[PDB]
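Complex shown without one protein chain; remaining protein chains in place.
We call the chains A, B and C, going by the order they appear; numbering starts again at 1 in every chain.
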Amino acid sequence: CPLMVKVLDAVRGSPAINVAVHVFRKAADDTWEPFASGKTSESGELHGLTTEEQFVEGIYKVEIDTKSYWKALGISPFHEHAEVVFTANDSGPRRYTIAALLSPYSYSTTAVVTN
Amino acid sequence: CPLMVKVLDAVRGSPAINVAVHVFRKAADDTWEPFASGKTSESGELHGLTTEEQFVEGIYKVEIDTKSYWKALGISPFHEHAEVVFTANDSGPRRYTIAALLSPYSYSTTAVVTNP
Amino acid sequence: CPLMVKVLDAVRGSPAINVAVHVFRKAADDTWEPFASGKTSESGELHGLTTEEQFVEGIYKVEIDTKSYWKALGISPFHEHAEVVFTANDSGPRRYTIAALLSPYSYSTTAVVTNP
Partner (left out) sequence: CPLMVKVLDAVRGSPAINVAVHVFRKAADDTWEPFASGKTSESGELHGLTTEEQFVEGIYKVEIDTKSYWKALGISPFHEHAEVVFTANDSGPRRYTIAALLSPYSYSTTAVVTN
């Protein structure tokens, strides 16, 4: 996996399961081309989004459907979703873990980018 | 002031100063209409974006140009910007403070929402 | 005011009010000497803990009673408290704001340190 997403729940202290994730690549359009999507697993992880071959350098957006997550739990959320937009390179490290820690009125997001 | 943005720098333990912020409102179509913009002051705060009258119910997006901020310090950060998207005033007028704490490869963001 | 504490609630998008805070200073031995205490106001802020004169160089510990806070809301949180331990004034007097954002199983904490 050149790209994976991991989502944590700060209210329950658990992985955030069954969270919808959409990934997009910016076109020469400056519009957002759908690129990959999935639901987080029982461990709050989404793997298998793309391959090294297709994950070329460019700007990518990862959209995490946080509002549907909290609504399904019966908790009132603030944000429509959590978006992470970043340039994916070739020069440096190649595997990207985008992590998000979720609360109803806050979220933190980080990237772990390794060889 | 119904919409304020506060930005902190987690590397230096300081306000994040001169950070560009653009605000947008979603129309009955789904494109983002420009709504307000400004840049953070010496205290890392941006005020005076809007008024109670103008700040009606809707979906808003607050985009904070974190990349130019880090690049000005010589750092190539992970994110292009930090965007915060939320429904506002759907149960009546409220005051919203949108706060972001920034690191080169991470940021956290929280909202304080109060009823005046 | 050289030492202020600000506490936010990430579940409700609000200041964390009536949160107990105890501050301690480490002695030339390694036990923690009580230094100041208070509880956060309606805005989630606690001021007036100390003065420039009294707040000399040393290692300080700010302990925020997050567990009583959550328990008062019916929640059994993960942490017993959140403790923030830091050297202060080692290069001259500064003003320190210690901020904590709280969730039942998580918290973040940051310091804004300024030179008056």
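FYI, a residue touches a chain if its C-beta (ideal position, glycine included) is under 8 Å from a C-beta of that chain, and two chains touch if they have at least 3 such contacts.
A.B. asks: Considering the entire assembly, which residues of chain B contact the chain that has been omitted?
C.D. replies: 9-14, 78, 101, 103-106, 108
A.B. asks: What does the interface between chain C and the hidden chain look like in terms of residue numbers?
C.D. replies: Interface with the chain not displayed, on the chain C side: 59, 78-81, 83-87, 103, 105-111, 113.
A.B. asks: For chain A, enumerate the residues touching the unshown chain of the complex.
C.D. replies: That gives, for chain A, the contact residues 8, 10, 13-15, 99, 101, 108, 110-114.
The working rule: only the chains that are shown with their structure count from here on.
A.B. asks: Just how far, in Å, is the C-alpha centre of chain B from the one of chain A?
C.D. replies: It comes to 20 Å between the two C-alpha centres.
A.B. asks: Centroid from C-alpha atoms only, then distance chain A to chain C, rounded to Å. What do you get?
C.D. replies: 33
A.B. asks: Give me the residue numbers in chain A that touch at least two other chains, ranges are fine.
C.D. replies: Residues 78, 103, 105-106, 108.
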